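Asker: Here is how the chains run, residue by residue.
4 protein chains.
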Amino acid sequence: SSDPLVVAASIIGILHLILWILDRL
Amino acid sequence: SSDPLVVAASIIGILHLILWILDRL
Amino acid sequence: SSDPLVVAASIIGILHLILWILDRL
Amino acid sequence: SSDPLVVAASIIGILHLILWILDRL
Ligand SMILES: [Ca+2]
Ligand SMILES: [Ca+2]
Ligand SMILES: [Ca+2]
Ligand SMILES: [Ca+2]
Ligand SMILES: [Ca+2]
Ligand SMILES: [Cl-]
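Protein chains in written order, with the UniProt record's numbering: chain A, 22 to 46; chain B, 22 to 46; chain C, 22 to 46; chain D, 22 to 46.
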């Protein structure tokens, strides 16, 4: 388990990557 | 809970994203 | 130890960096 | 505390940011 802040940051990071890929495609 | 280093990195990462968005807007 | 989500995010982040470097080289 | 992999990723992430800033300056 991780600090809730770190979990939040990790989710944002993944969603950032997904949105970027979808934008490029 | 997380290593303090990881908490620090996550905060920096979020603030990086926010500043980028504000810059673009 | 970390949340599995955070471990996943960290792996993706590293692989993102590696792919970027290989692309540039 | 965090998974060693996550600590590694966080260090790389910070160093990435620092190098980028120094490059721009
Ligand atoms: Ca932990
Ligand atoms: Ca806390
Ligand atoms: Ca430590
Ligand atoms: Ca969980
Ligand atoms: Ca482990
Ligand atoms: Cl963690």
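Just so you know, the hints here were simulated from the structure itself, not pulled from any lab data.
Be aware that one or more of the hints could be misleading.
Going by beta-carbon spacing under 10 Å, a handful of chain A positions derived as facing chain B [claimed, not checked]: (1) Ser-22; (2) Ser-23; (3) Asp-24; (4) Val-28.
Residues from chain B shown here face chain D by an in silico Cβ test under 7 Å; the list is partial [claimed, not checked]: (5) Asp-24; (6) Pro-25; (7) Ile-32.
Every residue, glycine too, gets a C-beta built ideally from N, C-alpha and C.
Asker: Confirm or reject each hint.
Answerer: Hint-by-hint comparison with the structure:
| no. | hint | in the structure |
| --- | --- | --- |
| 1 | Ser-22 | holds (7 Å) |
| 2 | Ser-23 | holds (5 Å) |
| 3 | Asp-24 | holds (4 Å) |
| 4 | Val-28 | holds (9 Å) |
| 5 | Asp-24 | holds (4 Å) |
| 6 | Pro-25 | violated (9 Å) |
| 7 | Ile-32 | violated (11 Å) |
Figure legend: structure checked against the earlier numbered hints; hints not met, in rising order: 6, 7.
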